[PDB]
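A.B. asks: Here is how the chains run, residue by residue.
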Amino acid sequence: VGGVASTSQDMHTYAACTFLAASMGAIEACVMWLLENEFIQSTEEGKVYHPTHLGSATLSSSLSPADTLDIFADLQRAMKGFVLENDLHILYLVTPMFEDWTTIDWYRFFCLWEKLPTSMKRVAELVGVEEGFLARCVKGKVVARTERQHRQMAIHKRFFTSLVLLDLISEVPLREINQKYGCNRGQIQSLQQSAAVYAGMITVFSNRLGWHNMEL
Amino acid sequence: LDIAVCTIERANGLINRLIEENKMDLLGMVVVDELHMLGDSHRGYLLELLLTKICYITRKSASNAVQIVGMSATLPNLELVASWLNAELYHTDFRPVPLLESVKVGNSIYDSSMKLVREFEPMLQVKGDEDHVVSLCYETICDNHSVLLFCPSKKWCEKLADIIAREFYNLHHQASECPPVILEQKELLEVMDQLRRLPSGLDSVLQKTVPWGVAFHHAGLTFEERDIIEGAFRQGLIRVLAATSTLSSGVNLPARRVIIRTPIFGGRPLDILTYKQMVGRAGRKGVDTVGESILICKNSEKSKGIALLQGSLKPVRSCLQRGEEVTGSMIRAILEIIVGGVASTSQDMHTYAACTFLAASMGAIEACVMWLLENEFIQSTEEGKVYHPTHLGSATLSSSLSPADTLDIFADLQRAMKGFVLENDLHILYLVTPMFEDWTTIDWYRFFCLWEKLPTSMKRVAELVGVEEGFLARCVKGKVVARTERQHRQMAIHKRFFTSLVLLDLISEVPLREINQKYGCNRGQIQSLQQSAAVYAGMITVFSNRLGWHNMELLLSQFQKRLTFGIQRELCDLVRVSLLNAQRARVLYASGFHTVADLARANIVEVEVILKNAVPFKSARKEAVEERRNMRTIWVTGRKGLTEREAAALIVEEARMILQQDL
Amino acid sequence: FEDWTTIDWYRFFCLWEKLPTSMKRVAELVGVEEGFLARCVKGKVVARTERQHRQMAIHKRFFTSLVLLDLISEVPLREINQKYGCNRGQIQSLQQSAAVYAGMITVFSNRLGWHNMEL
Ligand SMILES: [K+]
Ligand SMILES: [Mg+2]
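Chains as they are written, first to last, in the entry's author numbering: chain A, 540 to 563, 580 to 599, 605 to 776; chain A', 184 to 245, 256 to 368, 375 to 521, 524 to 563, 580 to 599, 605 to 844, 851 to 891; chain A'', 658 to 776. A prime marks a further copy of an entry chain.
There could be a bad hint or two in this list.
[Said to hold, decoys possible] With a straight-line cut-off of 30 Å between C-alpha atoms, the simulated DSS-like cross-links for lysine-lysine are:
| no. | chain 1 | residue 1 | chain 2 | residue 2 |
| --- | --- | --- | --- | --- |
| 1 | A'' | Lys681 | A' | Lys717 |
| 2 | A | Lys640 | A' | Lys640 |
| 3 | A | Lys681 | A' | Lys243 |
| 4 | A | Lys717 | A | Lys740 |
Just so you know, these hints were derived from the structure itself, not from any lab.
Produce the entire structure from the sequences given, and follow the hints as far as they go.
C.D. replies: This is the structure in structure tokens:
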């Protein structure tokens, strides 16, 4: 995408420069992966590889290609039905969930769930949050998550996090947020610096794809 | 400024601007043209609220204060208006050129008292309908004069302009060209070329007629085409102009002879005010000895024609009237004074009631106040009984929206924010698509055809709004409008979604000709629609800003400018230049000039060349003529004729002047 | 749970456009994205190595339900063959599979107390 390796000969030239080759195929497999997921193009001057819009967007956003796939689908999903009455749904799109920032108390979570206003419950449903799963978290500490489609866990963790970010930009004291959710001030501050960076990435990603309304 | 020129809607808002800022002291006087619109109009009622507000404010200070200069045609209750405004009165019947109102039945021409004033006999007979219409026009032209011919429908005007122009070709010579060789060969050519270099192009019928000093004029044409024809006729380039009732109320445009084709306009008998506006354009001050007016009739419509010649104008109504105890105009008038903060208590309300035009002719007010209370527009505090504005109140006033309309808008917006589509601009356009008046007669079968071909992203928006496919089918099969029931606002929804599609292509820079053929509406109706939606879009944006709806405001704030010029986001910067419209902005964008900054460093002769490329020609276009180096083929506003070179040089000069003011 | 035919995706996309609104609502409600149908015709990329790419089964399932719809609508076996591009052998094998599966889901709904769904 950067334009310093275009042809197929340049790829293996790069393979010589790696730390992996200093210790003394797979490269060709990665190129095909980029082809299968529309990240890169192949033209008929035999066999020259070029970047797509999805490619050029991913590079400028500093996003991982593995993560970009789920993000690209999720954004398209949000643009089909979007809630604008609060900032919660927007925050969800910029709420990072690639690492655990705290140990979430699920019973407390379910308690905040019932007390949650209707405008924010609509956002929860629109995302993937099922009340049945929250109950199955409190009753039994079954994480499961061995199955890949159990990215269902990340969703509830992500919605929990967006609530925290909502109070944070609502200028709620660090002490209230600690007592309300049950996380220390260290975990909160580490989270906001992570979400601030991620929010910039998703904004750039939306700008390079021409999604003006979403970028705005 | 010193003098601000406004329309009625815009003036009333500006007044409201002055109330919120207490800068009412800046205003020295108000001049009202066409004072007879105080009576009854779509917006004529705003003239009273405007004047009444001034009369209420000037009373609260009770040496010079605020002077009012009003003028109109002869009204029966004109003395009532002067007394209401505490104004001195003056009336006259003076007219520099005597008007000879007459009516023709067959060959005979009578005056208002049915006494014969001329037995008309056609100099050269031609075939057709011919109530001597062509012969009458010919007689006027031969005396080196001009004639206005008024016709009911837009289609008769074109048909008549065609017959007359066609016969003018045969008769002069006694048996789509260049204009004949006189002193004006250059200016007739300049007019057709100016028409050619327009977003509309050169009309097919005009290409035939204009070479022979003949043209038509109606609302079907764009505002730029009509500005050209009116100027051509006013200069004498066009000798015959077949127009509609649109021109009669339009700009000042006189002629020697005025002909009215029939007393039946739109299938109904002709209004008296319209008649006086048509026959009033007969007689050019300083040119003609007399002005002649001819109303062509049959024996059946003979009695109805005389009624117009002897008829007089109806008395001016208040437009604030009570069956119903409540009325729209009153609710709005009360909202402006309470929210604006010039009527707070209950005593002030009835003080205002004294200042109205309604009370000048010699309860309901209290009913309107309660209405504002019931719908959360206004507050009542326990210093007994003082009324205050709410957020919904203050928002409605700043948006210049009608309180009756604000209720449905407020609910609809809250509905959109619960589930909103962002992948296209259609859903946003729907929120700023105006539907308070019909802008065209929609062909439903065509609509259903575009419905099937409609992409999935836009069908989702249709469902999300209220558009049911069953109702579209029940429109094509049977022309049942129903709409007697109030919940049949269901009709407006499908009409509104149809309109938003048109606005979508419009800001997608789709040619006016494609949009006409695709939907089946003329370029006149489209242009009138976009200027309506541009204004409405600004209102909804302000309404969203005053309610704190930032996310919604953020999305809307880009469509007012785009609806105005009919452009995409990229051209928003170029169109700041006065001379740059949608087409010129695109070709300059596609040639490397994206911004004003890029346009100020620009070489003039290069801009000139790029402009030459945006023009529409009949042959698949786009002699060494060193005579066109001076042809003024570019039209402006308050215009001197501009050549393609001067226009290019003005654009670069203007671009430079703007860039410096930005730093 | 098994493939009953080799689906021609270009034909599928053609039936998609011609599909009435009542059945497009059902498609969206299930998981059928028009973008994925286009990415099937342009490139024969099955992917499906990733587990969340059960997305493939969904479009295959909706294609199959259309066939079953015409089948219980008493549409001739010959029309269905020409319309979708599958032989009469694959159709008949499919209906005997769906008849059995339909009974299972009915029993499953009855034992869970889901009366409205069972009905
Ligand atoms: K302009
Ligand atoms: Mg006047």
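A.B. asks: Hinted pair, alpha-carbon criterion (30 Å max): A/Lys717, A/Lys740. Please report holds or violated.
C.D. replies: Holds, at roughly 16 Å.
A.B. asks: If you draw a straight line from the CA of A/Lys640 to the CA of A'/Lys640, is it 30 Å or shorter?
C.D. replies: 12 Å, holds
A.B. asks: Does the structure keep A''/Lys681 and A'/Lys717 at a Cα separation of 30 Å or less?
C.D. replies: 24 Å, holds
A.B. asks: Hey, A/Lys681 versus A'/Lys243, does the alpha-carbon distance stay inside 30 Å?
C.D. replies: 53 Å, violated
Of the numbered hints listed earlier, the single one contradicted by the structure is hint 3.
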